[PDB]
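Asks: Here is how the chains run, residue by residue.
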Amino acid sequence: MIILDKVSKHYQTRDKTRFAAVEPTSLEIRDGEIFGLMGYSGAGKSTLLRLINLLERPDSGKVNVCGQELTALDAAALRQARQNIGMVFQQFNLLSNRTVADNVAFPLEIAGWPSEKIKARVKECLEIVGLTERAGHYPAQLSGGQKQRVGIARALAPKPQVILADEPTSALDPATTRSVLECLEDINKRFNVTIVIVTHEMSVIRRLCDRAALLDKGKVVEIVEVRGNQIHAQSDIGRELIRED
Amino acid sequence: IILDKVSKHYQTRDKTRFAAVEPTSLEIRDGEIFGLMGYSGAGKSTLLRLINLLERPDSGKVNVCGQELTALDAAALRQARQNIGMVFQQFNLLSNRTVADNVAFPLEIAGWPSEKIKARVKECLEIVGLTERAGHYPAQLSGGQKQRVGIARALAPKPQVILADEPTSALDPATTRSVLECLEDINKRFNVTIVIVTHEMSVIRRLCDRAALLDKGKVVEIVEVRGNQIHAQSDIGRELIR
Amino acid sequence: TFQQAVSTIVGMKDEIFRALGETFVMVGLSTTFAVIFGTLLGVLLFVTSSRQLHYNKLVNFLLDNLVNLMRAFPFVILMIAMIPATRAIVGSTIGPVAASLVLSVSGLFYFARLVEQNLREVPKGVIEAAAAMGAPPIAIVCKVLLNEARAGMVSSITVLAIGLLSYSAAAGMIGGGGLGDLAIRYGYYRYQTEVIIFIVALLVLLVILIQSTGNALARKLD
Amino acid sequence: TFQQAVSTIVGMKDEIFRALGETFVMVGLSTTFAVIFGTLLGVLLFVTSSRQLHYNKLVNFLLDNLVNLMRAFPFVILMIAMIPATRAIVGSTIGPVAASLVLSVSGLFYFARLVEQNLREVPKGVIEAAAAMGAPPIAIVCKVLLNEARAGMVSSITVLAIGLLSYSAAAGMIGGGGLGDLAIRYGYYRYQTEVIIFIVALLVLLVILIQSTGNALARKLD
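Protein chains in written order, with our numbering: chain A, 1055 to 1299; chain B, 7 to 248; chain C, 3 to 224; chain D, 3 to 224.
Hints were generated in silico from the structure; no laboratory data involved.
Just to be clear, a hint being listed does not mean it is correct.
Cut-off 30 Å, straight-line C-alpha distance, at most; resulting in silico cross-link-like pairs (DSSO-like, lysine-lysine) [what the hints assert, rightly or not]:
hint	chain 1	residue 1	chain 2	residue 2
1	A	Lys-1070	C	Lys-126
2	B	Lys-124	C	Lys-126
3	C	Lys-222	B	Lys-128
4	B	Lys-67	C	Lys-59
5	A	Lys-1070	D	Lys-145
6	A	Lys-1201	C	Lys-126
7	A	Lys-1173	D	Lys-126
8	A	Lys-1201	D	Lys-145
9	D	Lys-126	C	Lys-126
10	A	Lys-1116	D	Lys-126
11	A	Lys-1063	D	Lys-59
12	D	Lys-126	A	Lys-1063
13	D	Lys-222	C	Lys-126
14	D	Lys-59	A	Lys-1070
15	B	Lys-21	C	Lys-126
16	A	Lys-1070	C	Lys-222
17	A	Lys-1201	D	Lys-222
18	B	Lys-124	C	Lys-145
19	D	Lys-145	A	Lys-1173
20	A	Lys-1213	A	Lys-1173
Residues of chain A clear of chain B, computed beta-carbon distances all greater than 10 Å [unchecked claim]:
hint	residue
21	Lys-1070
22	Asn-1107
23	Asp-1128
24	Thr-1153
25	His-1191
26	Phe-1245
27	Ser-1289
Virtual Cβ for every residue (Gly too), placed ideally from N, Cα, C.
Please model the complete structure; the sequences and the hints are all you need to start from.
Replies: This is the structure we're talking about:
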């Protein structure tokens, strides 16, 4: 149940990074539902997802995650909290010089599990995505949809309470995009909550979001509830964002 | 603009992003906007190159605007390539010259007088509404402005055909709507017979007159999107439409 | 300190002004010929690998391997084996000009690799876009490649000049001229401080000056 | 004459073997220290460049300047100026081991430059995920960083080995370094043609063998 409170970021005039600035915003995501951060080319969505994880650090406010105020941890304690918040990336961010079973086993190895349990988990969370038939190959021998499945299966191996997804299926063609989203529905069966999925489009938002948020240049304008695969936006500048349907 | 027949099979060790195409024949009419559609690997991008005959086919004949391009010598082909405007997914525009110079580059190859080159470029910037940024350099423009410069360099030699290699794939919906209206205005005022590759049916519902659905390097069907609703008799066709 | 200053100024003002006069001619006359012939060779290394401007696998293979060999060979060994050939063209085995012939042959192959590397980083699309409008091959290479790699050549000639300065010091001992022919006199025999500190100080300042000039000009054009 | 030439070479049988066995002691011994210390130096350069272990800016500025300066500086001048310091450490100035110490010094800076450029080529996104999974900065430079760039370190070692071979010839004039000393006699003071072609052929063979082994090992690892 992530609750943010007057969080903000601004960058130097150098503006070396692609990420845009975010302005004071408070959002509460419930423990029983999936969320989504709609916007556009600059917007402020990508930095807002990193601010949940403190991979970007705010100038103000408190980031509260799972009942721990993460800006107060400021230590080797923070790198134990980041174990319970997983993440899947747009481009796949997979180690290329080790086999898929090891890519999946890498989070379990990092915590300090004995190898015997690591093997059982690598088997389980790898059959769940339906990829146990390719447990020996290398990322150079897989397709885009398969690489995204490896990312979901790595994200799931720490048994994380929250999974954060950054534009995961935008590159994928429609046939793969349906397969990767169906796998996310399978994840919602077990105790995995708040799968915040960032997207610069609406097809993904209507299909699997329970609630959604909209913005203009770092300022959230309106949060909607997606029922029967529609949106019914009340906001004015918001209506322009929804036309993407 | 007809392909009598064509094919190309890429030899291995070339590892090109392109995929092989098989015995296909097509007839884009005068004034028509015709869309090539298919998932990645359908071979739409390969089919587009074969028209300007950059990629040379293994066999068959390419008839563009009367001339048979396949039998032509290199010096004559350099005129056939000039006759066809092209735009690309990655902008592919020279970075060390100003917005005006990029439009002028095709006109200078054509050995045009320099006073004439000056007159046409101001007119071309006039059409794509970027006259104000004539002196700016291509590292200062947004993604949409870079595409609207690419369309102007394509229309500068007064072409009778344009080819479009999925130009809007990188653009958001708010800028995508403003560049598709430019291809509508160019077709309505000048009859340029534009051809277009894409992986999404949504752009076709916005722009095309007919379309070709490509699967594994062969056409399954030629649909009509003029009615504004794509309708497919086959099974593969009806899957791509969804 | 006056012992260092007095020693340096009186005796060494007669010798230092000769040694700097010999080092600038040894480097200046060699760099010009290396930039003028390395450009041509580096272009041929490229066009015969493009598939567009021209293609010929055999020539590409031969030229590439020859360039690799001549770049990996010890320069000092080549100069001492080339003394009769150098003595036929120059007419004399000793002098800055004689060391200048061997330096130009080593820079020629040295700069032919940098230009090709700079041309390989130009985006492939800008070549396909220029072939789309029927640009003749001699007009692609001249108006596209040598205008896009414009900012990459200047840094390349900055690295060649720093390279042919280090080679010049080695030449001064086998043959003649330079701060290398000065350093053996006050270092290998009669090891003498004061003068060795001055030789070390002058080189650092001159290396910094050439590097600063190269970066500023490259940044302007980019 | 052919038999006169070949008969001459077998007359030098003992000296040639000494030249080779003395060249290997200079290259084979300095490369180990170069790779042991340049690796640490390059890792230190890389970590202070990112948000891993630290983002010091002053330390990175100093270190980056230090390595550029100590690669720009000429090699022959450095050895002549290091005569007393080298003599004190080895107890001698003349000999292959004393010269190898100087070769190792230059090697650490060159290897660090190569390793830093290798590490700076891994995509940041893979390292970004390694931070999201709670791995401490030391774990980052051991499992995430090393696995991705190990295929490129072997190429760096291959280029370094050839780089130090060229320097050995320059130290040959002063340190009597095997083939470099052999080149100075029978090539300058005199000109024994049949023993010059032999040296050139032998060096070409060595260069080819090193390049070929390095390429194969680099290919098998990635």
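Asks: If a hint holds in the structure, say so; if it does not, say that too.
Replies: Consistency of the hints with the structure:
no. : hint                      : verdict
1   : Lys-1070(A) - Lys-126(C)  : holds, 26 Å
2   : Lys-124(B) - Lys-126(C)   : holds, 29 Å
3   : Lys-222(C) - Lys-128(B)   : holds, 29 Å
4   : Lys-67(B) - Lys-59(C)     : holds, 29 Å
5   : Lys-1070(A) - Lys-145(D)  : holds, 28 Å
6   : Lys-1201(A) - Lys-126(C)  : holds, 28 Å
7   : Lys-1173(A) - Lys-126(D)  : holds, 29 Å
8   : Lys-1201(A) - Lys-145(D)  : holds, 20 Å
9   : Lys-126(D) - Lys-126(C)   : holds, 25 Å
10  : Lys-1116(A) - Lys-126(D)  : holds, 27 Å
11  : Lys-1063(A) - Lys-59(D)   : holds, 22 Å
12  : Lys-126(D) - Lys-1063(A)  : holds, 21 Å
13  : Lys-222(D) - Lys-126(C)   : holds, 29 Å
14  : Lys-59(D) - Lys-1070(A)   : holds, 17 Å
15  : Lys-21(B) - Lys-126(C)    : holds, 15 Å
16  : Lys-1070(A) - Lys-222(C)  : holds, 20 Å
17  : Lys-1201(A) - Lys-222(D)  : holds, 24 Å
18  : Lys-124(B) - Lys-145(C)   : holds, 19 Å
19  : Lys-145(D) - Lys-1173(A)  : holds, 19 Å
20  : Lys-1213(A) - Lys-1173(A) : holds, 15 Å
21  : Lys-1070                  : holds, 15 Å
22  : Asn-1107                  : holds, 26 Å
23  : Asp-1128                  : holds, 38 Å
24  : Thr-1153                  : holds, 23 Å
25  : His-1191                  : holds, 19 Å
26  : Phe-1245                  : holds, 34 Å
27  : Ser-1289                  : holds, 16 Å
When each numbered hint is compared with the structure, no violation occurs for any of them.
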